[PDB]
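Student: In case you want the letters, here they are:
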Amino acid sequence: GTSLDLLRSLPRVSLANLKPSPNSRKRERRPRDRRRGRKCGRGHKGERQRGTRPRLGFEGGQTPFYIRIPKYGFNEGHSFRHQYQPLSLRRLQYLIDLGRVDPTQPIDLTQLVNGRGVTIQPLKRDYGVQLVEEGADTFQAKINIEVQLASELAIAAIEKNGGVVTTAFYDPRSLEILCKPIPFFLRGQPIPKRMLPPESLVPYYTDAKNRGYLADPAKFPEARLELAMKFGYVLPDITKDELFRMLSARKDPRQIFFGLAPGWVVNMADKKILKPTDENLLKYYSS
Amino acid sequence: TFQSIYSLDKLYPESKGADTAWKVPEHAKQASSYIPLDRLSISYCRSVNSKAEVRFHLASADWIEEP
Amino acid sequence: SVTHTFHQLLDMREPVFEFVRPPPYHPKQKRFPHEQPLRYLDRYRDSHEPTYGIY
Amino acid sequence: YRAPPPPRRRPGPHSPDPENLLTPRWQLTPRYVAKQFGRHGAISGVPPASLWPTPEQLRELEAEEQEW
Amino acid sequence: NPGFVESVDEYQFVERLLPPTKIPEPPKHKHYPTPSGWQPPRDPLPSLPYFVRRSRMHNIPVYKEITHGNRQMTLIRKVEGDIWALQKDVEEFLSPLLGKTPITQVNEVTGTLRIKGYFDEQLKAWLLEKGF
Amino acid sequence: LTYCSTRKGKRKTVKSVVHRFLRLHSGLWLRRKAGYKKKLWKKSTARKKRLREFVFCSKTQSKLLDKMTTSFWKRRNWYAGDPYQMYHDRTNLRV
Ligand SMILES: [Mg+2]
Ligand SMILES: [Mg+2]
Ligand SMILES: [Mg+2]
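Protein chains in written order, with the entry's author numbering: chain M, 9 to 295; chain p, 38 to 84, 95 to 114; chain 6, 326 to 380; chain q, 25 to 92; chain g, 35 to 166; chain 3, 94 to 188.
Simulated from the structure, these hints should not be mistaken for laboratory data.
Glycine included, C-beta positions come from ideal geometry on N, C-alpha and C.
Some clues are possibly wrong.
[Said to hold, decoys possible] Only pairs whose alpha carbons sit at most 25 angstroms apart, straight line, appear in this in silico DSS-like list of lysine-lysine:
id, chain 1, residue 1, chain 2, residue 2
1, M, 248, p, 66
2, M, 259, M, 188
3, M, 79, 3, 141
[As the list claims (entries may be wrong)] Covered by chain 3, according to a simulated footprint, are these stretches of chain 6 (three or more residues, beta-carbon under 8 angstroms):
id, region
4, 329 to 340
5, 348 to 358
Generate coordinates for the entire structure from the input sequences, incorporating the hints supplied.
Tutor: Here you go:
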């Protein structure tokens, strides 16, 4: 624009002409002068001028406020409670529209992470993502998605458009590998197995109404229909759909990645995969 | 495809069919007083709460028994 | 019979009225409600269902 | 003048000297040997069979799994 | 005999896992606006003196901001050309709503415009009409 | 408190605060009432009801409690089934 024309007229830019942005630096004040010297802002002789006032929270000898209030367990066990990041249907629809997630293929945590759709902190006790009903009315996509937790209304929205949603469990060690797979391959170790849910979480993941990954497949057809009746839509049949194979794809309950089995080694340097030939090893991984 | 002792086939042997879960349940048109959607007319008004209205002609409607 | 009068001969849809009381009075909201119970936050909310913002 | 060559990271697998007293200990573990294969594939020279657990290690892994 | 067998066929799944470094360009849609609400810039470009560019995420750069805990503002950021012309248009567009001329700041060095009060939704719709 | 620790050079949390108060992400703090388990036989029915409640803290108390805890206790927590999910935010507040 016109600004660059000004440069042509003005003298050369050099190390003798530099200037900071105005107001970017304040002035630091030393106690030399009369305004800021003498008593130097500390007051008259006492404990505070000399520099030895009591600590924060001390009230002069009466029992302090933060210790006269009774103890109660608001934060008991906080470091052991499980955490799930929320993913709303507004956010999911937004991501598909801009092309940062590919709806043709199945969607799992790895694909969500790779598109910056979600940020996962395993060291802060994140165990995965839960689908949230907000934005359900305007969801107009057909997809295959796997999440750790789901809500009643969120499941309805996905399926009404002819899609599949399922709930799956990952352990702390597996979750770290899932989010950042490439650094694991650089280590040179075999892929580990996936542990089953703790005892308390077994009822949730073996229940059809939750779309669990360990529930009886025979009972799914009944559950899907009842949602259609309750929320007033017609249950579509996906077997007719051309993409039935994609929508039906599901991984083994002891598998982390779709096309890879426990016990394999990924040699990324020369694009090869190594498999063990020992019966004891094969039996261990397959169990 | 990899399979393990905990694969759904082994855990639930009877329902080994590939499409057992995605089949539309047969019948049930008489289940829980199935309300035919086509008969009803549904309109959404943005009245905050987004109101919904359902209207149908009582006498003409035949799914409900006359008495 | 009033429904019939509005329909048959007046030939218009009948209106329905309801008795509405004025909204309850609450003092102005404070950033720090000292020595007030947890319920204080409920008095000033409009919707009862959770929201998730950018997430 | 002419500037000197740009600094470059040394390429290729790294095998520290075991006898030297001042070599850091962490570089002498089996984990470090495994990393070399992961970064550099076959050029490392690490016997691929070593990556998997040995039979004595396998028994310990299985024993712990049953316990917990 | 070695204990490992090497296969090259299954590496395709590994290739899927690789993450990208560049933001993908949005995909073409038959019907706009897109279900979420996104709408691409119109073609041909507007002929106004000032041009407003989009962010790396392909959104209109209008932001809500606050300071001191009680001062509410809105910001239009990536302006090229004559920033002063844009100020005149914004004052005319917003003046009837407020009942007074809005208070604004113009930063020529950073090419941004700052307005007192929250007017992000109206400005976003206003800019789309002009087709930036 | 410890402004600069020997081993890490960081501030330290006062753990007697963490055992007595709850912090909502907006900046409010919750507590109980002193004496809510003591000599209940000599307290009236209205007095006992007041004691059972959860109560908020003043501005000066909130300021002091913030200095005595580190940032980790001030983050966003996404607990499934949280019973305080609806109290972490403010609505219709002009201030
Ligand atoms: Mg100084
Ligand atoms: Mg986080
Ligand atoms: Mg008091």
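Student: Does each hint fit the structure? Answer for all of them.
Tutor: Cross-check of the supplied hints:
Proposed proximity of residue 248 (chain M) and residue 66 (chain p) is supported: the alpha carbons are some 21 angstroms apart, at most 25 angstroms. With a C-alpha separation of about 19 angstroms, the suggested pairing of residue 259 (chain M) with residue 188 (chain M) holds against the 25 angstroms cut-off. Using a Cα cut-off of 25 angstroms, the hinted pair residue 79 (chain M) and residue 141 (chain 3) holds, with the two alpha carbons roughly 18 angstroms apart. Given a C-beta distance limit of less than 8 angstroms, the hint that chain 3 covers the region 329 to 340 of chain 6 is violated, as 0 residues qualify and 3 are needed.
Counting residues of the region 348 to 358 of chain 6 whose C-beta sits closer than 8 angstroms to any C-beta of chain 3 gives 5, which meets the bar of three, so the coverage hint holds.
When held up to the earlier numbered hints, the structure conflicts with hint 4 and nothing else.
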